[PDB]
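Let me begin by presenting the structure, written as structure tokens, before commenting on it.
A protein chain is absent from this complex, but the other protein chains hold their places.
Chains here go by letter, A and B, matching the order in which they are written, and residues are numbered from 1 within each.
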Amino acid sequence: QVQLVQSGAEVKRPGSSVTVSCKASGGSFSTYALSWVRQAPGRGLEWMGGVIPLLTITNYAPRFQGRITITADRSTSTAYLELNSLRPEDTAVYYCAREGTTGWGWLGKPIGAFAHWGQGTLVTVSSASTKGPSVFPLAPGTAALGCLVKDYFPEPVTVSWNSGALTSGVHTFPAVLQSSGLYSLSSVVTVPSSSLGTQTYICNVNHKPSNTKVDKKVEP
Amino acid sequence: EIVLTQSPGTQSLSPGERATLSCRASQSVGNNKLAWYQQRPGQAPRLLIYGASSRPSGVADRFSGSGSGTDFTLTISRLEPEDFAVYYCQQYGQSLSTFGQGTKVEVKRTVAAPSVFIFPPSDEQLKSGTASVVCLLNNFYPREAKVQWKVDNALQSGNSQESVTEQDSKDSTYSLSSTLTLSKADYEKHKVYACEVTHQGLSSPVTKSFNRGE
Partner (left out) sequence: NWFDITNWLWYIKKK
């Protein structure tokens, strides 16, 4: 079986260059085409280019020609994407993808189409520094309550309620990027009004990069 | 460059319904080198069809591809719950490979008006010198909804951000949260904070509001 494992998320300053790696195991590394595909947040897939390692032949999309380099190292079965002169519009998840093969096994006739995908690498182009969030209550028929997780960097934060015991009616929204360059995220839950006096609601917020781990009791 | 057009960009369909997704190319795709991918939120794309009509082993045979030249179709014979996702076509008949913009197949359900809630800024946040006012639009369908902020009846622009959840896996609704942000000083200059909501399920706009400091 073919497995593609990419390097981890990285924050890059505007104007800098990023290198993303893709280590392959299984099948043949040198005789199958390896491509890079990116996806900006909330947008579609975009093919950037590829390499055939045995022949050291690259193929770049015109809109990246002059700004990217793709290379392959047969000794480690690793492929690399370099993207230069980074701008905010380059913030995206970058995927490596290898063409599939027909028949049994993974050494058959190549199919061109991308059967094997890496897990993706989030590249965030930003001038922001690591910062932990503040956690503010959204104080409460049906009642709504929640937590506002404001001003953190980088992604992600995770939120649970009552240590995971409460999931019904929970909505945790996608983060938004503020003009400051910091993220904000809201999580809400609806509960019976009658439960407000006789039940505690606690939002559990985790931001690993800042070691912010807060359990915020939300009351009327 | 071959431009691939996937129209409509969204299809609202019922569980168990047949789905047909179109991919039209600006010119003939060499050797039917056309593929289809599925992508669910937070996951890498997955190959469903290559060479216009070939299906890899392991891919469910309710997915079938057809077409040639410029006109291609992905057919899903009967939508399973896991089939609600985004589908992309891709051509690789030229050295410049391109993707369609994607079609989201989402769950059709009955109309549900948003339940609206407004939250003043916490005392804790106000101590820090900033005021975030939050408006929640909960459990509505279809996805199209609009929020406007009014402060002492003055329509606000440029000081709010919003986001929307993925379709709920249980009841197939959406929710939306919008946050109005002001400095403490500016927040304290005004009395009435209101969010005004419009939606297909509403015959007239719904306004939720509070008076600062009550």
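The rule we apply is simple: a residue touches a chain if its C-beta (ideal position, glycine included) is under 8 Å from a C-beta of that chain, and two chains touch if they have at least 3 such contacts.
Undergrad: According to the contact rule at the top, which chains on display are touched by the left-out chain?
TA: Among the chains that are shown, those touched by the missing chain are A, B.
Undergrad: Which of A:33, A:143, A:170 or A:176 touches the chain that is not shown?
TA: Candidates A:33, A:143, A:170 or A:176; residue touching the omitted chain: A:33.
Undergrad: Who touches the missing chain here, B:45, B:65 or B:93?
TA: B:93
Undergrad: Residues of chain B in contact with the chain that isn't shown?
TA: Those residues of chain B that touch the unshown chain are 30, 33, 92-95, 97.
Undergrad: Write the list of chain A residues that the hidden chain touches.
TA: Against the left-out chain, chain A lists 31-33, 50, 52, 54-55, 57, 59, 99, 108-110, 112.
What we mean here is this: only the chains that are shown with their structure count from here on.
Undergrad: Quick one: in the complex, what on chain B touches chain A?
TA: 1, 33, 35, 37, 39, 44-47, 50-51, 54, 56, 88, 90, 92, 95-102, 115, 117, 119, 121-122, 124-125, 128, 132, 134, 136, 138-139, 161-165, 168, 175, 177, 179, 181
Undergrad: Under the stated contact criterion, what part of chain A meets chain B in this complex?
TA: Result: residues 35, 37, 44-47, 59, 61-62, 95, 97, 100, 111-115, 117-120, 134, 136-139, 142, 144, 146, 148, 150, 171-176, 178, 184, 186, 188, 190 of chain A touch chain B.
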